[PDB]
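A.B. asks: One letter stands for each residue in the lines below.
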Amino acid sequence: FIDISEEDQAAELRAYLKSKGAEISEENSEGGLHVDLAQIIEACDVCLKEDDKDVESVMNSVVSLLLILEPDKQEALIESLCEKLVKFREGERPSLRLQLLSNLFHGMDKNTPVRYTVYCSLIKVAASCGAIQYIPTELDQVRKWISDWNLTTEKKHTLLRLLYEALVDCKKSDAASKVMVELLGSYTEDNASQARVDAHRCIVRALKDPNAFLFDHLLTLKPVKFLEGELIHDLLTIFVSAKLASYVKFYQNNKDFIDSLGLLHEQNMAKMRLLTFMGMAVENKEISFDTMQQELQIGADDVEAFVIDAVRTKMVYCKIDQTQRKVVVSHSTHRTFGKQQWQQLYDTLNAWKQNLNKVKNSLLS
Amino acid sequence: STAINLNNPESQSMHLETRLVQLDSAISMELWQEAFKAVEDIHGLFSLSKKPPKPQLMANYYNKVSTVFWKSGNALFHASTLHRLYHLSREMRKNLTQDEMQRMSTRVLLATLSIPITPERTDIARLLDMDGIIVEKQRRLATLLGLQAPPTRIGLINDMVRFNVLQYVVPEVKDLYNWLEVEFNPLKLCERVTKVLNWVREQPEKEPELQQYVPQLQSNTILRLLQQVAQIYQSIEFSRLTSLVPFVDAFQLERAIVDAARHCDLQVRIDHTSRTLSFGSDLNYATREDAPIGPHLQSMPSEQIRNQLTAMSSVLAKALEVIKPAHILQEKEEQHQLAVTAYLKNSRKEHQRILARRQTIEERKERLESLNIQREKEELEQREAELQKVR
Amino acid sequence: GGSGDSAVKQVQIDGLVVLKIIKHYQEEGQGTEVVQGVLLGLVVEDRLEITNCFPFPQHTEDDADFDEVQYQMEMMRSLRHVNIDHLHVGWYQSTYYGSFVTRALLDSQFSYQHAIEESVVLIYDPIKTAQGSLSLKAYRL
Amino acid sequence: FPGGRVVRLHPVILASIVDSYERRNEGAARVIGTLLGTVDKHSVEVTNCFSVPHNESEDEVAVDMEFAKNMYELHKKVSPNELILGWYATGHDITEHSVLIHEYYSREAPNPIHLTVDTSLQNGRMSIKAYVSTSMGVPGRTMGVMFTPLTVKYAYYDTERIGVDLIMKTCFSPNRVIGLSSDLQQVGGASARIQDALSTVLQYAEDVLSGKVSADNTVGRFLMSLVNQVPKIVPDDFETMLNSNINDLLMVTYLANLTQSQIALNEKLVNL
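Residue numbers (the numbering used here), protein chains in the order written: chain A, 1 to 365; chain B, 1 to 391; chain C, 1 to 141; chain D, 1 to 272.
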């Protein structure tokens with residue numbers, strides 16, 4: 001290799017490095033240049049001819065990364081070179097070839113050909129390692145500009161689907177999924193049918209993970225309100241069992257699918273976190289020793305240990321008086337309109353705490 | 001006499017000699033000042049004998065000292081010296097080369113113990129008189145051990161377990177700290193740890209060194225549990241409290257709680273007519289409950305109200321709600337942005353004048369203000385030679 | 001005219017000074033009062049303006065011991081070459097326990113003030129006094 | 001993944017860059033200096049810096065690296081944390097002088113950290129644009145310049161960005177040092193007032209037609225948490241304990257004025 005600050009002659013400088021590469025690359029260096037000082041011809045060469053089997057030609061790749069984009073197509077030639085990275089399946093040095101040209105530098109972003117390409121690459125090319133770094137700046141740039149071109153949001157949905165599949169961490173997969181599902185019903189693939197198939201997998205994730213607690217997150221914003229539950233998805237069949245306090249519900253409502261895999265253990269875990277909450281928070285702070293125990297239909301020192309499970313959830317949390325005030329504040333489970341009306345209360349409640357008290361504070365100082 | 005310089009032979013010889021002699025000597029006839037003098041001498045030698053890299057024996061002496069220490073001093077500084085010897089076993093290993101797993105096991109064991117043992121010191125003498133004259137000496141001990149400050153706690157363990165320490169550790173014990181440090185949960189902890197306790201407390205192949213460090217570390221685990229449950233519960237009957245905690249006797253343990261309570265590590269009304277305990281939501285909020293200058297456990301404080309809590313909460317907790325969601329804020333700030341652009345826009349005009357003006361200030365300020373402070377200092381000559389002319 | 005008595009005006013401490021003070025905030029001199037730097041400035045409209053400081057470090061192991069002035073001389077040339085000149089018109093010890101002007105600080109000040117009567121002595125008091133009031137305590141002799 | 005990917009400055013860095021620009025150092029439009037700090041393997045901790053006598057002339061650059069030895073020797077005693085890292089300068093982005101202050105820094109010979117502080121009015125111009133060359137193969141001409149994307153942050157210390165926030169709201173308007181706590185008080189209830197504005201808008205969204213997803217279980221969960229903090233739960237035992245705490249605090253604040261009075265009285269008889 002020789003430096004980029006050697007005179008350009010963009011084609012010939014990028015091609016003098018092909019001469020240091022393979023002999024196949026060299027005869028298509030000479031042949032590439034002697035025909036014409038050339039575009040696509042010269043520009044596809046490193047990108048398709050072998051970078052033999054050792055990827056220290058990151059250096060001449062870097063020289064290709066800035067000099068293909070502007071003299072010809074960026075959008076087609078960025079997608080070339082990236083086939084190669086996924087072919088060799090050594091990813092750390094290809095990650096430098098993706099890093100150098102990530103986005104917002106060396107020409108123009110182009111508004112998601114490059115952001116699709118270079119992120120489609122770095123999920124596959126690298127492990128989780130490289131894949132992590134792009135997710136903030138990607139989801140930032142998604143908010144700074146969403147693709148008005150439909151199909152590229154279907155692509156950025158595909159990349160979030162590659163993301164949740166390349167992830168084998170459940171909660172990051174749940175996160176990447178319920179960002180993808182969030183952006184799903186919001187815009188693009190809605191287009192009903194494309195979202196209906198996804199709705200099944202959402203019911204898998206929401207049931208299978210009881211830290212996507214029952215239905216709390218789905219009541220917060222859009223997903224249930226687009227993806228039907230009284231369809232044969234059976235999404236609201238969770239919202240059934242979520243308030244109605246028994247193993248009986250889910251087991252009688254079966255998809256024999258999800259019964260097997262599945263949801264078996266989490267049926268009792270449902271009963272726990274709903275009866276503890278809808279016990280506590282609709283009292284609305286203090287239920288007794290025996291009330292909780294006969295709600296949950298279980299022992300005494302077991303409900304002590306389950307108070308600790310609820311304290312490790314932080315659905316309930318304070319110092320707990322022993323034979324009364326079993327559970328108190330730190331609310332986290334759904335109470336849909338009870339939470340709305342209490343919000344509707346709150347501006348009127350706050351009206352003194354903001355005027356009356358400040359009329360004493362600001363006066364005093 | 002001896003032309004000192006690079007003759008480590010006789011040097012090292014005499015050194016090790018006196019060392020072993022002094023060490024055992026003191027740690028034999030129940031002497032201690034002698035041992036102290038010996039250590040001081042060795043330190044002095046190292047100071048005046050630090051010109052050479054470092055030969056063997058080093059590890060030997062280190063281990064010896066750490067051991068001899070163990071008890072006298074707290075297992076804190078002792079455990080620190082133990083970890084030091086452990087680190088020495090690494091260097092000596094790369095140079096010593098010791099192919100033995102049992103060795104590593106024993107090492108890790110010694111490390112642990114010397115670590116979990118005491119979570120706080122009872123400075124009665126200090127709390128009485130003011131006040132040392134009793135801290136710089138600790139600093140000196142630290143220096144001796146090779147440290148510059150005072151060791152810390154199971155912190156220490158984090159320290160010497162940043163290395164591959166979760167691994168070599170022999171699994172008699174691997175799954176005992178996976179309770180103490182890792183696993184929750186107050187109402188199961190004393191239960192959970194009973195078995196790895198019974199495991200290690202068989203002493204003869206696991207270094208009997210360890211199993212005298214164990215009873216204090218058992219009480220330290222109890223001490224860890226006792227601090228938590230003041231935030232988990234607000235009261236508890238003593239009869240319930242007995243069943244929560246597997247232990248030898250209640251009559252023993254209550255006094256060890258009342259001890260800890262008297263030494264202000266927690267606040268409890270364990271003694272009480274009914275024989276029931278009250279932790280209390282705040283009552284009077286103080287650092288007596290909190291353990292006043294150091295936790296020994298996972299951070300799980302419940303909410304309490306202290307001066308400037310509700311003040312500074314109402315400042316910032318309400319602020320955040322108007323920052324994170326808002327349709328009213330970002331427009332205002334985009335027009336604050338516009339007043340910020342305007343000020344840099346006013347500025348770049350002023351900068352172009354300050355490029356002329358402050359240039360003329362800067363260069364002249366080297367001359368003029370120097371010439372002014374010249375006359376300030378040169379006046380002392382004018383004070384002197386003028387007053388000489390008077391008389 | 002808010003200007004001071006008989007050789008000097010007030011002080012103004014530019015924000016980029018106080019940034020450089022809170023870099024050697026309260027360490028390198030915690031339990032020991034260490035003069036953490038000299039205040040270098042210039043005479044401005046009705047005030048001095050401390051526009052830059054450079055810190056003065058010392059042998060802070062756990063006691064403070066004065067060192068060679070090879071530091072200060074080379075560092076005040078280091079200021080002079082890219083910026084202004086050695087124009088030390090005060091100094092700042094942060095340092096130890098909410099603002100307190102010790103007898104030693106009065107004596108070190110007396111040597112400083114009589115030598116250059118364009119001076120204040122700063123005591124930069126952060127969160128230690130519960131922050132709290134009079135974070136920048138000026139005081140000339 | 002490869003090395004550096006982000007930088008974490010501090011407002012002391014921009015203080016020391018805006019220092020040497022405005023003092024002047026013949027800063028018509030260009031002032032350079034050597035940044036100091038340390039790195040942690042993918043992040044840079046730039047922690048303080050100071051300029052070197054520079055002269056960027058259009059085909060002649062002067063980096064007296066000997067001074068950045070002196071300043072480094074000095075700044076090492078100042079705080080042990082700092083390392084010679086690269087070079088910083090003002091705008092504009094990549095020039096022939098990037099190639100030249102490369103070479104002068106390649107005599108130190110770690111990887112360089114090129115900072116470019118553009119000073120333009122526009123908000124579409126990033127404040128400081130961190131760069132580090134790739135290829136950078138170097139047996140070629142002088143040094144290839146194809147810079148990697150890096151972005152900037154602030155981070156070294158809390159009370160010094162409390163120090164920058166103190167200058168932010170002085171930039172707003174002074175904000176002198178006397179009434180700090182009282183300024184934190186009267187912007188206290190202001191937050192609750194602008195909260196009263198926003199909670200109205202979130203209620204009013206539902207009141208007009210429909211809305212309030214926006215506070216259904218987003219702000220509804222924020223506010224339950226808010227009232228679980230400030231104030232606490234609502235018996236009257238709380239209220240009396242709160243009163244007893246004020247009666248104690250007031251008795252202590254009283255005793256502080258009792259001690260001021262006796263600080264006086266002993267100071268007075270000696271003066272008599």
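Just so you know, the hints here were simulated from the structure itself, not pulled from any lab data. For every residue, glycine included, the Cβ atom is placed at its ideal position computed from N, Cα and C. Fair warning: there could be bad hints in the mix.
Each pair of labels, with its calculated beta carbon distance range [claimed, not checked]:
{"#": "1", "chain 1": "A", "residue 1": "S288", "chain 2": "B", "residue 2": "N198", "range": "33 to 41 angstroms"}
{"#": "2", "chain 1": "B", "residue 1": "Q98", "chain 2": "A", "residue 2": "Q297", "range": "54 to 62 angstroms"}
{"#": "3", "chain 1": "C", "residue 1": "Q30", "chain 2": "B", "residue 2": "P55", "range": "33 to 41 angstroms"}
{"#": "4", "chain 1": "A", "residue 1": "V248", "chain 2": "B", "residue 2": "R269", "range": "41 to 49 angstroms"}
{"#": "5", "chain 1": "C", "residue 1": "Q12", "chain 2": "D", "residue 2": "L272", "range": "34 to 42 angstroms"}
{"#": "6", "chain 1": "D", "residue 1": "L250", "chain 2": "C", "residue 2": "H81", "range": "44 to 52 angstroms"}
{"#": "7", "chain 1": "D", "residue 1": "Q229", "chain 2": "C", "residue 2": "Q12", "range": "54 to 62 angstroms"}
{"#": "8", "chain 1": "B", "residue 1": "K195", "chain 2": "A", "residue 2": "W352", "range": "52 to 60 angstroms"}
{"#": "9", "chain 1": "D", "residue 1": "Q229", "chain 2": "B", "residue 2": "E207", "range": "48 to 56 angstroms"}
Reference excerpt, derived from the structure (chain D facing chain A, CB under 8 angstroms, subset only) [to be verified]:
{"#": "10", "residue": "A28"}
{"#": "11", "residue": "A109"}
{"#": "12", "residue": "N111"}
{"#": "13", "residue": "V145"}
A.B. asks: For every hint, state whether the structure bears it out.
C.D. replies: Structure-based check of each hint:
{"no.": "1", "hint": "A:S288 - B:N198: 33 to 41 angstroms", "in the structure": "39 angstroms, holds"}
{"no.": "2", "hint": "B:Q98 - A:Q297: 54 to 62 angstroms", "in the structure": "59 angstroms, holds"}
{"no.": "3", "hint": "C:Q30 - B:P55: 33 to 41 angstroms", "in the structure": "39 angstroms, holds"}
{"no.": "4", "hint": "A:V248 - B:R269: 41 to 49 angstroms", "in the structure": "45 angstroms, holds"}
{"no.": "5", "hint": "C:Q12 - D:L272: 34 to 42 angstroms", "in the structure": "40 angstroms, holds"}
{"no.": "6", "hint": "D:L250 - C:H81: 44 to 52 angstroms", "in the structure": "58 angstroms, violated"}
{"no.": "7", "hint": "D:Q229 - C:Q12: 54 to 62 angstroms", "in the structure": "40 angstroms, violated"}
{"no.": "8", "hint": "B:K195 - A:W352: 52 to 60 angstroms", "in the structure": "58 angstroms, holds"}
{"no.": "9", "hint": "D:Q229 - B:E207: 48 to 56 angstroms", "in the structure": "50 angstroms, holds"}
{"no.": "10", "hint": "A28", "in the structure": "27 angstroms, violated"}
{"no.": "11", "hint": "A109", "in the structure": "16 angstroms, violated"}
{"no.": "12", "hint": "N111", "in the structure": "13 angstroms, violated"}
{"no.": "13", "hint": "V145", "in the structure": "6 angstroms, holds"}
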